[PDB]
Each structure stands twice: as structure tokens, then as C-alpha cells.
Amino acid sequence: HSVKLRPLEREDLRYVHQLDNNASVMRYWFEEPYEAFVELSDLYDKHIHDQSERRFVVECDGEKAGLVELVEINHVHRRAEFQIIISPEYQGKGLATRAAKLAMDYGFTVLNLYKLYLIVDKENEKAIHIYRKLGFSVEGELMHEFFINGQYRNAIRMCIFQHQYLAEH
């Protein structure tokens, strides 16, 4: 089974729009979930050539299976935020791990970043396990940082550095 990344194209936006939790990976584009398709396409258009982001479609055996991205890319501090979403049926099969490692390879071996970081719900044990196996380490807790489904939730920030990634491939 093959897994590859490709750039998120304007023609892929219907796919993105139909993903269940797509707002969670476009938090810096919009705050109100359930945006219209033309709202999403207009934001995409507004961000062409934006050096602070690179977004990718994850392909598995040639089918769209999710999205991975590096956002908030800061060239002075040489860091970015990593985010991923995988279609539910492709979950639990090792795809998130393989897609995440491709995006890490892009950030550290192609873009030459020093630090990658991510935010995950503190109760998402499965996700935290996957990120730890990839070399991410818990950095801190953001207390009541998100209001989700009627209550404030705690998030964990995790990070990894280029020297660690390169030393372990």
C-alpha cells in the first residue's frame, strides 16, 4: 500500500468541505464552523502565495484519505504548527503515522525548519501515542483553551526538533 502527499489544489476543495472535522485544521482561516463552499474557496484564493502555510492532501493507494499541513510557518524562529485529519475509515490502519512522517520530512528536510509543534486534546490517548512514537514530546498544557461540544477542554502542546529528527531519520 502506497501513501503520498500532494499539494492541496483548488479542485480538492469539495473533498475538504465534506470532511467532518475540517474546521479544526483551518482555525486560522475561520472561527464559525459550517462555512459555505464559496467561503472556503474564497479563503483558499486569498492565501495563494502565503509563505506561512503549506497544505497537503494525503493519498493512500491513489485515493484522497485526509489532509496534513504546516501552518504558522515562521522563518525567523524556524518553526511551524503541524496539523492532520484522516477520513474516519482510514483511521487505525497506520495511515496517520505514515502521513505525519512525510509531513515531518517536508518540514525538516525540505523547508529546513528547527522546530515543529502541534496541539492535541489531552484526552486523545490514541493521537498522543502516535505523536510520541514519531518523536514528539509533551511541551505543556493549555488549560481550557478550546470550547468544544459544550464544555471547555484542555489541550497539550507537543514538539520535536530538527536535530532529533535528522539523528533518527
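Positions refer to the first chain, counted from 1. Between two forms, the rigid core is the largest collection of C-alphas that superpose within 1.5 Å. First, how it differs from the form deposited in another entry.
- When both forms sit on the same rigid core, the CA shifts between the two forms reach 2 angstroms or more only at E32 out of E123, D45, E32, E141.
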Contents of the next structure:
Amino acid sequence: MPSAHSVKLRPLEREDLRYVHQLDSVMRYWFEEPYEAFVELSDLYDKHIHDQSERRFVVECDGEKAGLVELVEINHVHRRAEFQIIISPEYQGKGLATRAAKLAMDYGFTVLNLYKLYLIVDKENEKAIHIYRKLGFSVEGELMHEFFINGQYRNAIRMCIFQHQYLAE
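Structure of the form deposited in another entry, please, following the form deposited in one PDB entry?
Below: the lone chain, stripped of partners and molecules.
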């Protein structure tokens, strides 16, 4: 009989901040402000503790820390947010990014009462794209040369989904 893992969103605590930092060279941001060194992240963190426009969860698999969900650009008048998920290397390969997306959908849609959620992914990532489609995300744009990455401008696909689709299922 196959054993069932338990995957949970958990509100991101300060003690989680080291875990965040060491998920990894590229630009990372906190509240649209960029960081590199731990001291930069930690100070941003305290400056933004009460800020309602981003919310972050750790993904626990069986209580162990496996990755991070960031809801970002939260807007409560237009009832949307963007999300971003990131799975620690030793937790990849086993459907986590998927479950993890379902859980963030659940959070924005059933807890936070947003109307629309979207995400950006590399145009190159035919894998992820197709998964999101599977879950019934529409494609709403192909941003051209939106990111300059490892020496080169890359294209992003923005894909959205809606509260009613979600609750209908």
C-alpha cells in the first residue's frame, strides 16, 4: 500500500529566512527591492513585515522544508496576485511543484478571496506550460525579451486562472 505524503503551506517565519537565502547567479527580490547578501534580505524582511502586497509560504513535505511559494503584486481592488514557486533540489522530481501550485490556488482563491491568479514562466519551458494548461490556466501573453538572463534576453509566458474556474474545479 503506497504511503501518502503530507504537503502543507506554512506561513514564512523569520527563522525560515536562511532557507530562503540559500535557495541560491541571478537577481532575487523582496518586495520589488533586490537582494544578494543575507543582511540585505533580513533588513528588507523587517522593513516589510506588515506589508499586505506580498505573502510567502514554506512548503512542508512531511514537516520538512521543501520549497517556497511567493504571492506577489497582491491587489485587493482588482482581486489578483502573481505567484511563484520554487522547489528545493532534493525535493524535485516527485510532483511537488504541481501540488504546491494547487495549494497556492487554494490559498488565494479560498482564503484570500482573489478573483484571478497568474504566473510567468520561460517560453522555453514547454513542460511547466503544458502542466498549467492541464490545470486550465489560459495563456494571456508572451512577453518578448522580458528577462535578460545569463547573457541573453529571454521570453516569458504569462498564464492566468480564475476563482470561478477553480471552485467549479
